[PDB]
Amino acid sequence: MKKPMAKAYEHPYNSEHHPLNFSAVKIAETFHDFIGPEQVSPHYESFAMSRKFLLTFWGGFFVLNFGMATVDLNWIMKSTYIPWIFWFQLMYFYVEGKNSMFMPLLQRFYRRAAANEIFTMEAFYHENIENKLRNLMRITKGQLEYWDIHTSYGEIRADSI
Amino acid sequence: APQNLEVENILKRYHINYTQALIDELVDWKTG
Amino acid sequence: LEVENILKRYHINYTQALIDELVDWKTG
Amino acid sequence: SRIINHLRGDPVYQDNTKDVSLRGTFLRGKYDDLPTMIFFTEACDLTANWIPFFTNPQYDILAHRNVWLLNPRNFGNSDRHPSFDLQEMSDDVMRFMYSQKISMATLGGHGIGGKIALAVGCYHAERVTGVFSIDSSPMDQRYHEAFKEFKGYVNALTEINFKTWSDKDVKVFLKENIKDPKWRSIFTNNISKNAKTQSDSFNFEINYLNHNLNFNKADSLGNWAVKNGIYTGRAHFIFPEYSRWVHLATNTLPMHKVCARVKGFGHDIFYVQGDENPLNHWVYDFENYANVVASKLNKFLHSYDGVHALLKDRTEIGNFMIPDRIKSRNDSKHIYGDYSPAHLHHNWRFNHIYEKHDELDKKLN
Amino acid sequence: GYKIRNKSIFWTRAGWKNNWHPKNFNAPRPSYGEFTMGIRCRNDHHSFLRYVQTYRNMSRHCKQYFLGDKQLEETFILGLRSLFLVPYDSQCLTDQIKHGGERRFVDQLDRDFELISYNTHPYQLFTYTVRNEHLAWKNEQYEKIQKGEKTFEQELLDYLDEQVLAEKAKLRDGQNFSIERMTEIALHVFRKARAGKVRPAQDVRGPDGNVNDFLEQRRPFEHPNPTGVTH
Amino acid sequence: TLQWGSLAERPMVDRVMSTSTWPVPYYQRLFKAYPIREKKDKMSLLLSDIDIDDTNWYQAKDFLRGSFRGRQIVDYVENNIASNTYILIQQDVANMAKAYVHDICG
Amino acid sequence: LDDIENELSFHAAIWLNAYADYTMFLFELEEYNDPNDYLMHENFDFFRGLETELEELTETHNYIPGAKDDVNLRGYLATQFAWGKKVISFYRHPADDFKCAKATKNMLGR
Ligand SMILES: CCCCCCCCCCCCCCCCCC(=O)OC[C@H](COP(=O)([O-])OCC(O)COP(=O)([O-])OC[C@@H](COC(=O)CCCCCCCCCCCCCCCCC)OC(=O)CCCCCCCCCCCCCCCCC)OC(=O)CCCCCCCCCCCCCCCCC
Ligand SMILES: CCCCCCCCCCCCCCCCCC(=O)OC[C@H](COP(=O)([O-])OCC(O)COP(=O)([O-])OC[C@@H](COC(=O)CCCCCCCCCCCCCCCCC)OC(=O)CCCCCCCCCCCCCCCCC)OC(=O)CCCCCCCCCCCCCCCCC
Ligand SMILES: CCCCCCCCCCCCCCCCCC(=O)OC[C@H](COP(=O)([O-])OCC[N+](C)(C)C)OC(=O)CCCCCCCCCCCCCCCCC
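Chains as they are written, first to last, in the UniProt record's numbering: chain A, 62 to 222; chain B, 75 to 106; chain C, 79 to 106; chain D, 94 to 458; chain E, 38 to 268; chain F, 21 to 126; chain G, 125 to 234.
These aren't lab readings, by the way, just hints derived from the structure by calculation.
Where is the CB? At the ideal position from N, CA and C, for every residue including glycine.
Heads up, none of these hints are tricks.
Straight-line alpha carbon distances no greater than 30 Å define the calculated BS3-like cross-link-like pairs of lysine-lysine that follow: (1) E:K205 to E:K187; (2) G:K223 to G:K210; (3) A:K159 to D:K420; (4) G:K192 to E:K40; (5) A:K113 to D:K350; (6) A:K193 to G:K192; (7) E:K205 to D:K256; (8) B:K104 to D:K286; (9) E:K181 to E:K234; (10) E:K44 to G:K209; (11) E:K54 to E:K40; (12) D:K320 to D:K194; (13) B:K104 to D:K264; (14) D:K261 to B:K104.
Sample of chain C residues at the chain D side, in silico, Cβ under 8 Å: (15) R87; (16) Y88; (17) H89.
With the sequences and hints as input, model every part of the structure.
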């Protein structure tokens, strides 16, 4: 065995923790280090349904806490009336009214339907790629038939004599 | 129809519960 | 053993004497 | 003879997935014009094993409907195709219903056959009156121990070469490798000899099935893909209490997830009260399981199958009025009100019963 | 598997699968000499020689950091040609591109060479990493052969040679040892060897449906407090 | 169905078990945990359905040159074979049959 | 005879190398299942090289999705019902501008 090269070139400004070039992949790695692993619950029931009475207490404690602290809560309710009426009447059609009135505006549905189809294509990735290989393997097996014929010529030439 | 009576009498002597599906299958098994 | 198989399918307890009468019925 | 009629054909290897024809046994009902039922056996299981079930005078199923014990592709007598896509297999049934002049039919299944039956309702709901699934659920079963054993048996069955192996070699191989008694007996009966004593072979396509199971990916028969969608019609599920295939703890949730009209346990989903026994999957062998399945099947066919979604039972046909959505009819001068939905004859497309009853109606007026 | 069911998937306003000349309002129109006073155009006939010089620049400037590795240079050439042969083999009609496909690809490759001249192109950094991981494994084999030891690759090759002898010595009825049978012998050894190694879990689900992660620990709770370091 | 229960018991209906075990841990796993960005010994899955090309004969020579017989094959092919490409494709038996009639005369 | 003995030997080695490629891929594919169940950065590690090509698109500012893909199948799925249905032209860079302008005897350069 010939002695190979000791090493290739080592870039002085590229590392694994500080990669020189940018992509969403490195950002995705640091993002999941931040939010941490998936907080898997080992229990038999979810945390909310097991502590409904307790969470209801602390839910109302902070409501009362904000209610007891906010002495001018009536001034905030009245100050919110105009924007509550304005923004809901202005955006009703674009959010809900379009579902039964003049125009459907199905742009966001088209984005769901395309993504739902891609979800299926990824789920069937192994199947689709395996069918594509069955045709390439068929071509490869067809070319390997010429070597099988040649390896019998020596036996044919000997038995013919 | 006549072959149905032959099988049914055989199954009769052994006091074995028989159904028309079994006889039809046995008769079909004879011709087959 | 076709006679044995159809009887087995119907879950009918069959004796050896019954199988021979049926085989003789077909062959005869 | 008369009640048992199985059309004889030879399996044809097809390159096109649409030129696939299904074969099976037809069981004629007691009465003249009855709706038809199409039933699928478990994967690699004989259709004949269900004949005593559907022809039992105590159960009297044929009094309700004609039964087609149909084999799926690559199984038994039907044509062979390497694909096991549930949509492609569902279109096979529609060509079978057309060639047999069937407008709509009830669908039944056992095990994997239950998935196939429910898939046909998912892709062709307008041609299916109801689905009765026995010991199955539309869920990914690739990791169930029962499916792994079946998957392992099919893999070991690829080792046998019928040309070189003798009959005694095969019998020993099956007893040693296939420990389950029922799977062993089923696989032996699938072995058949071709004409002119050419050789022996399995009735099902062992090569196409093994690759499907061994690959263990989305197209596997154990998997249920999201692509199949939702079944909108009547569905009834029955399975043993201790079943290795359907676990009562969580395996019922897929039924609500896929079937839109399933109400829940005790209404459309029942369990047969029984003991722990690995053979309890084969309900037709044990009278206790078979009696309960037959009674629930008769109740489904008689009162719930082919009934409109918002009607309770068949008893409400003609006396319960369903609310109507506004601006849903072409007539502009239409007073919107409640109506009773139309139920059609089971083979109205291929008979002239509506034309004949129109003329008889004019003679009255 | 799954196939796209929409038959109009590849339909565009300009035709089927047209990604060379998409249809827009401001379409190209001819110019007539006798009626044209002046014109402002950036098109020229320099893309051919710029395409030749760009290949020489990208090849020569990347070979600066190959340290004379002849196999790496020849491998890089095969990779560099695959980048320049895109317009010659693509389904897209690169000769019918909107405003000159030749100019577009030449300007696109010049942006690549600018990064190459600074030794910052990701294809370069990928090459150094791949080659270092490859030479580290080749040096491991060389040290084992100088020590008279047998490499892990030779143990499988020797183990696979005796498996074929054992199978062809028992298969006397038939004497056609196909490549299919030769393959499943090696794969049966490869799976057993891969399962023997202490590798990180690659598949999502183990034998059961459960995930093979460290997070997949549910009830029952049977672990005590974590213990400290020993002295 | 569209009526699955209350909001608090919503994460309950997701789990589907492959075994008969009770009680059942409710949590349905979303992804596979990837704590350490380890370089996989596995080869890339991009090398899936690429047709025959130059990399096939270039790697064939590299693996053939690892043997004594392979070194003789490579040297004779690259020197004494009148072909305009190394991507050899057998589409006929002309070169094979004519090599046998020129050999079996003895 | 030695001419075709070595020719067919090298021809077989080329297609045996191709056979090992497809065989080894189906072998590594056995551990990869349900791409929807892997994280983003782990799916790229199974398909090593995609992160490198993604950095090439970013560093050259080819941030028009599918511009360098011969069949931008994702672009067709996204525009199945779009107005003025079109996909990006091949190798279109977001910075290039081939606009021209001419002066004729008539107005508006006509
Ligand atoms: C000095 C004394 C004072 C100090 C005392 C200290 C003690 C303080 C007590 C604090 C208790 C801490 C321990 C528990 C923390 C989390 C509580 C909880 O419900 O978690 C279970 C719940 C599900 O847990 P699980 O059962 O395991 O199910 C797992 C599946 O993922 C589930 O997903 P799924 O979709 O499949 O299933 C349904 C899911 C459905 O729920 C969801 O998935 C999302 C629900 C909406 C999330 C909140 C949206 C808020 C948007 C931001 C706008 C407000 C931000 C507030 C701050 C802004 C600036 C002031 O959740 C449920 O199971 C049922 C809902 C249970 C209620 C949860 C929502 C209540 C609102 C909590 C937000 C509180 C802040 C806003 C309140 C008003 C401002 C004060 O998790 C969450 O809802 C996460 C929400 C964010 C958590 C942090 C929020 C702050 C702390 C929350 C305290 C809640 C009570 C007090 C406020 C209530 C006001 C009405
Ligand atoms: C160039 C566009 C038109 C310009 C006019 C100005 C706009 C119209 C004003 C009224 C608005 C209602 C029209 C529907 C607009 C829907 C478009 C839409 O929202 O996008 C949906 C669309 C996809 O969602 P989709 O569900 O498939 O849309 C279909 C609809 O859902 C439904 O599907 P569809 O197939 O049925 O829709 C076909 C579409 C076809 O539209 C057309 O083809 C236009 C007709 C040809 C043009 C006619 C004008 C001729 C102009 C040249 C002559 C001008 C001379 C002036 C002087 C010369 C000046 C030098 O709509 C029509 O059929 C129009 C017929 C009008 C019906 C009249 C019925 C009688 C009413 C009697 C009562 C009268 C009460 C009046 C009270 C006030 C009304 C509330 O998104 C896109 O296409 C994105 C690309 C943008 C398209 C081009 C820009 C158009 C504006 C889009 C919105 C803004 C985009 C930028 C923001 C994007 C996010 C950041
Ligand atoms: C959401 C927060 C961020 C918002 C960012 C903005 C998001 C915008 C989303 C993209 C919408 C862009 C719409 C472009 C036009 C698409 C429709 C079309 O192509 O027309 C085809 C149309 C429609 O043909 P068609 O065949 O595609 O559709 C037929 C319609 N039906 C199906 C109903 C029959 O044909 C034309 O050729 C008309 C051309 C009219 C041109 C109108 C657009 C002019 C303005 C575009 C340039 C604006 C640049 C502004 C830059 C400002 C910089 C300072």
